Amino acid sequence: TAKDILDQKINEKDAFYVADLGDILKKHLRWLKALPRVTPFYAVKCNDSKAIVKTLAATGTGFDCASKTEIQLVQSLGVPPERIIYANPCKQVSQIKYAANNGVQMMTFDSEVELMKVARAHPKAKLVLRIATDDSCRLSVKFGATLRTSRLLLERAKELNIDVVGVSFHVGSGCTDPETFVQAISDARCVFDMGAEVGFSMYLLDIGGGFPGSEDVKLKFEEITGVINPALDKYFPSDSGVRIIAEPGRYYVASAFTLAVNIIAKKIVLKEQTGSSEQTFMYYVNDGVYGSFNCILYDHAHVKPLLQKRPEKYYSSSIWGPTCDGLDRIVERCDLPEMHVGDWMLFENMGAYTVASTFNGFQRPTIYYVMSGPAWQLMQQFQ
């Protein structure tokens, strides 16, 4: 179920993916056991593959869409508008207009401009005020409203007769301290209360995403939820009737995908100096940082290559993309056997922010989905 389809596709060019839907079902069950009070709204931007969205639709998740395209896709799979939230940090009038025309109610905002645009194109929308979180991974621009701004925006909203029904926040994947959630939740409550003073009856809490997609991280998912749950019980008890949702992205899809790339070029580099004398290799593959490896440029990610052909002396080696750009370096240094043009290399945990572009002209790599018998039975359960 793992490398069998991989090897089968190796035996009988272009870099391709093998994805395990069963792993995704596992992720969903795991979410159900870890956060029983929280409804997951899958962040489509993470991986907008039709099969993923269809699987999660069948299992009954919501959908965090960020554009007309994602909304159209999700709707074209039979998903009711009630399971969709439009949560783009920066929306245009036309976008919001499309949301209004197509039945989408839940929508985020963190600014007066977004608010006035919403009042302009989508009145009677159910607004969810996005609040900022502690930035200890960092960003160059502040996202989400401060508490003061939150109050002012609430007053402005009631002033514009717009309905504010809740609060959202988004810690992000760069989190190293689960405390960041608690604080945020605390703050959300403080905003909820503010709403009560303005005359709003808020019921929707959205704790966003940022939850890890693999165990190859420092802060595990269960370690985060184990801190989230008591925070929720304290600041948002069940008796209040609060509806709690989240916007997980990488958590659902990261570990389900394995990428196979092919070595398209090869160079030998010998460093000589009298007084190291070191022989190293560098390989060029048919994918890179402008393709599936944006994470190299985004998060300075350290990906680890895996031999599809496990064996041999090991040499210091580097792996590069096909663009020959100074930034298209996938692996700076790793120990590998001497490989050849035409050999394959595998990279695991490649489901999040990898696939899909259309702008660059780079056609989406082929994906092979695999589901075991029992996994397909469990799939048939939800549907």
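Numbering follows the first chain given and starts at 1. We call the rigid core whatever largest set of C-alpha positions still superposes within 1.5 Å between the two forms. Compared with the form deposited in another entry:
Once the core is superposed between the two forms, every option in 222, 82, 299, 193 stays below 2 Å in C-alpha shift except 299.
In the core-superposed comparison between the two forms, residue 362 has its Cα shifted by at least 2 Å. After superposition on the rigid core, the Cα of residue 158 moves by less than 2 Å between the two forms. Comparing the forms between the two forms, the C-alpha position of residue 142 differs by 2 angstroms or more, with the core used for superposition.
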Second form
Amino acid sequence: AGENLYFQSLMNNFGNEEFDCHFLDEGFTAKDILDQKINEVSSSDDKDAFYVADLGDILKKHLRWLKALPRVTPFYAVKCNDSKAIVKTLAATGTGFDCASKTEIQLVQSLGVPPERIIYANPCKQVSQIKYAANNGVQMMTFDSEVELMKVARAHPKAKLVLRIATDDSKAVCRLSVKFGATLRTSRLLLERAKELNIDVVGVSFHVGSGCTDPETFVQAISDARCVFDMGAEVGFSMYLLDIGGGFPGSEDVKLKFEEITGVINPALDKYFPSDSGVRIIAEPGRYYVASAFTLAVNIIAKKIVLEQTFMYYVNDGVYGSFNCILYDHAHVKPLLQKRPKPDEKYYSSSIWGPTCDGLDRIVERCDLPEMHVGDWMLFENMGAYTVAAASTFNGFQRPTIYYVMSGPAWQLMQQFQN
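Here we have the form deposited in one PDB entry; I need the corresponding form deposited in another entry.
Next comes a single chain, given without company.
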């Protein structure tokens, strides 16, 4: 009561008139807040799509990371979801940040995060953006090419470079190795070339692919990273930074859970990078931190019946907005009823469509649903990763508002981390 208004006051300060962070009472969840917001507009037409984002879920992910990967410092991949509230939460918690560009560096530096908690993990950077990093004290960057070394020699000669190597991402949902990652053969030449140019290489990074499905690829990558460390020693570098990238799942609704992956990572780290080697192990998790924290509520705005009886439902977010993940992230979205269905009632073959002009704007091709009506809500859980970060305003449709929530214990845990 007095306690609740105290926490809310502090969450209002945290929000800083940039985002709304709503205090979660004892016994109330992010799911309850979603229901409450829906009930509040029940007799209204003000039924725009919206998210509820549980900042407490993000804190739980951090705790869980600390336990599962105790030797590995997480640097959050800003690109996955660049919402300021998320970055601010993680900044207070004490994570590092993997930044892809100048604007992400600017976001992170604006929240008071020191340059040593940033890795500029884009291997192929525009020179003007390299200069920006140099001018703002961001020293650590990745690379995987000889041209990148030539650019760094000119624009950031004192940078600490991290050589990104190829992985076997053949079974990963999102493959990155076609685009980034030097082969071991190329790595050797890059090390020698860096040495000639008087550039300091301090370590190795890799990414096994977003949505990893074969955890052994982490073992192969760690083994390969050791080979490059060894080659660096031969050419004259003191290597101390191992960056194991991302690829971790962001919810429990997956075949390969986080803990299964960390269970194979840890023994490989102990074998190839024992703590008495002096190695600092980092990672660049994105999806892991944020996926389950966001739930999206969309409203059914239009409806058609196609004759057994089948239905087409149109909702107010789509493939040009949050559901761009269907195309770019190969996401398989699962529509959830906001109103619990009657135990007995008929289900029909149904399709779900976005709000735009485009026939390509289809969210679900075929599913079974009870008969729904205009004004009913549908829910999409685990919508935090590679969603709002890649949304457009095609057709003029604005991005759903994100309403943040946080419990007392979550707030307290964040303060614990912040010292």
